[PDB]
Structure formats: structure tokens, C-alpha cells
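Just the one chain here, the form deposited in one PDB entry, laid out as C-alpha cells.
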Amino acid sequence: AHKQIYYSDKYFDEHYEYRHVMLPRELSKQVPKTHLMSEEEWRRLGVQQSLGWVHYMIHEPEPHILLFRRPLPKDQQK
């Protein structure tokens, strides 16, 4: 299944409205890491939005998590 940029519903506070855009992993490799993007640059990624939206913050990168499990001692099991 594939490469759809997803636009989430908007939410707002006392002064702004906000939204998240989800990129395919492939495309997020194109996002600059050292600076916020102009409209010119996020439009080159394929992001299409109406007037006046600003890339104001980099999202908190999520940790790379490894998952491990092991049998409990037998008398601890149910």
C-alpha cells in the first residue's frame, strides 16, 4: 500500500490554528534537519495547504525502542 501524505483535522488555541501532516518515511528523508522550512521548500515535498500555514516547530523525534520478553518463573504464571 503507498505514499499518501496525510493531513490531519485542525485544532486551535486562543490565537492559532494548527495541524499535523504525516509524510511517508521516504519523503521525510527530504526534510531539512537544521532549520524550519519556507513554503517554497515544503511545497517542493508535495505538501499542499491553503494560505498562511507556517512550519513553526520540529516534532520531538521518537526513541528507537527494542522490545524483549522472557517467560515468568513457572509459579508466578497464571
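Shifts are known only where both forms have a C-alpha. Here the rigid core means the biggest group of C-alpha atoms that line up within 1.5 Å when the two forms are laid on top of each other. Positions refer to the first chain, counted from 1. First, how it differs from the form deposited in another entry.
For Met37, a C-alpha deviation below 2 angstroms is recorded between these two forms after rigid-core alignment. With the core held fixed, the Cα of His64 is displaced between these two forms by 2 Å or more. Taking the core as reference, several blocks of three or more adjacent residues between these two forms have all their Cα positions offset by 2 Å or more: 30 to 35, 62 to 73.
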Second form
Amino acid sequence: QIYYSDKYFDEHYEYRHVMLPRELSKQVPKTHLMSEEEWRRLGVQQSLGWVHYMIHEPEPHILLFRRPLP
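Can you return the structure of this protein in the form deposited in another entry rather than the form deposited in one PDB entry?
Just this one chain is shown here; partners and other molecules are left out.
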């Protein structure tokens, strides 16, 4: 099933990423960044305020999320 990395941090944001299994990633129609509604359809569960901010094209099944610090 779905994997969740540990959180890591910038001076400005906190970040995590999430690894979709090959069945679930294969389904997604969207080739580009997603809204919170879209990534909630998929089963990703995080608190509110997490933003899908980039795609590493070599690994499209990895979803990279950021969220600003206080």
C-alpha cells in the first residue's frame, strides 16, 4: 500500500513525499500538479495545508508536498 516519508525542513517550508504503488499510480489521468481535492481522491491522507509543488519526472509515482512553516 501507500508509503509516507519522514518530514524534512527548509528555512521556509516543511516537506514530505508519498509513494504510490504501481497499480494506483498507473490509474491517475493527470500528468501535472494536483489540487488537494485531486490528491484526496487517491487515498492520500495528510493534515490540511499540504501542497503538491513539483514532479520529479523520472519518478511520477512519487508525490512531493510542501507546507509553509509559522
